[PDB]
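The chain below stands alone and is given as structure tokens, in the form solved without its partner chain.
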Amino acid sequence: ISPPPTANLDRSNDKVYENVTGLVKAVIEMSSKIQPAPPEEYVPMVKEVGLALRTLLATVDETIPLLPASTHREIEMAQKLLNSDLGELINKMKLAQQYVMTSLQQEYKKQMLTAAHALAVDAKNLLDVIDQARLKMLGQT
């Protein structure tokens, strides 16, 4: 995963976009940091991801009303998905701190990374839905 491409839309005051970039950067940050890190360090990293995720979700809540009825369904479903994904991520994080300095620690991290990476893929996916819904509204041929 890179931070997201920019397609044809102007992103200067694109909040959805800014926030998705935030949440994506935060996942990447955590990932590069994990394997060497004690719990004193990895719990806050995961806190950060949740914050960036809440920020994104409120931004989105505000944008729905401005986009066509036809599109609302998916945008909500794709929202659920990201709450779910974070659910999964916290699970694996509690398991890894439950299992520190044991042998099974590190498969517990491999499961954190797996879930963090779905979170970021699904963020990027939300972006696309939103963009497509805008393009519709702005009147794309």
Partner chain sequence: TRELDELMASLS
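Shifts are known only where both forms have a C-alpha. Residue numbers count along the first chain shown, from 1. Throughout, rigid core stands for the largest set of C-alpha atoms superposing within 1.5 Å between the two forms. What changes on going to the form deposited with its partner chain bound:
- Once both forms are overlaid on their core, the sole residue range between the two forms with Cα shifts reaching 2 Å in three or more consecutive positions is 1-8.
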Contents of the next structure:
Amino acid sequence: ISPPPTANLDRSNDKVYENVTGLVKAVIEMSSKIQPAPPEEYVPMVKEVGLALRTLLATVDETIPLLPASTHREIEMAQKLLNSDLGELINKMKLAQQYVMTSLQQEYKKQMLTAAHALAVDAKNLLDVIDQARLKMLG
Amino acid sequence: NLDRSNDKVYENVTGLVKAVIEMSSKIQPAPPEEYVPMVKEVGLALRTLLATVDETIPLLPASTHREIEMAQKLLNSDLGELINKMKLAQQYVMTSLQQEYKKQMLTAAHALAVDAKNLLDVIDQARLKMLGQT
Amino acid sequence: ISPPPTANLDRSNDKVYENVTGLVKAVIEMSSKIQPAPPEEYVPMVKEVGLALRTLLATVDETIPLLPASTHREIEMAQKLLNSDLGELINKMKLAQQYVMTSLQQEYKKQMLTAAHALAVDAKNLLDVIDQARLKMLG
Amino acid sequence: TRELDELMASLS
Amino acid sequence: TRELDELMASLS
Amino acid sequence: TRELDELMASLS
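Next, report the structure of the form deposited with its partner chain bound; the form solved without its partner chain has already been given.
Below, the chain from earlier opens the complete complex, with every other chain and molecule after it.
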């Protein structure tokens, strides 16, 4: 567990913060509507999660430059970690699709939830790293 | 506060200021054969700086973009005024007007440096707004 | 959560019980080993759990014929679940291989462990379904 | 992001 | 087992 | 900028 985002950084100009929020909300949305949802519904719910993550990654890309070169590696790693978390969510989603009409629809739906939850938690860990980085840069 | 370890903008501004400085401490005893190359360096340093700033703009708040673009314009202007005086200086080499022309040269070059420093200041403030300072 | 396998069935000749035990065990061999070892050593440690599951699946295939018709569905479903659990495990391996001597290498290993524990909890669930299946056929 | 878009193209 | 061998072949 | 200020100072 990590502490709430540091309070020593202004967040009105933080697009990383904003996109992490946007991503965690897309995850919260999907996991609140998923139990009774059919493939027509939850496939777009995951699409939205992906869009959210893509935006996030793009933004991180355009941030690394303003950050100490010594931090670019941990951030580049955090980014690859998220791409795979999305990868696992899509895997499980496809399985859920495949097994609609069967007992496994609900099992794989639980797995999508787990995947999505990992992605949200990791998006927040990315934020904590990038924040650690901004503070080194601000000295 | 800011870490300059890999601040190319800060590195180029420093280089432009050092160019304006070597030109200035060397101008009075110098012939046009020695000071034209000197202004040519100032120009290469300025071109290098503006290139860097051009690539940095995209990473800064659009709300800051125009103040930066103005500072950028101002600099090209100063090189303009500096190049001008340099030519006058060349024209009047060996004349009673040679000194007043190098003096205006120093004034143009100095202004260039002051204006590069202010650009560094504008750009630093835009990085602080991004990095999220309190 | 299920209660201990039912006592009301003789395990002397239960190859499913043996094969599940085998799979659970091959998983534990990777679960308690792997942390140390590099890719020249877990790539097979997986190939193992993969071979032990091939066997279990093979035996369940020879056992289904015999049970009530009605119950073949939950059991086929329980088997498909195990397949995808192995798929998870392999995806986490292929990744930890692509990220050797990194901060990520240790991550995709914790995920390998995760994915393998899943395979084990499910193998025990497979067994549970089939026991309900045999009990049905007996009463 | 090209591999990420192989994914983003998978949901159509 | 054909889908399981797709898997067993992945490990080479 | 303290070193760049040694410079800015050289021109007065």
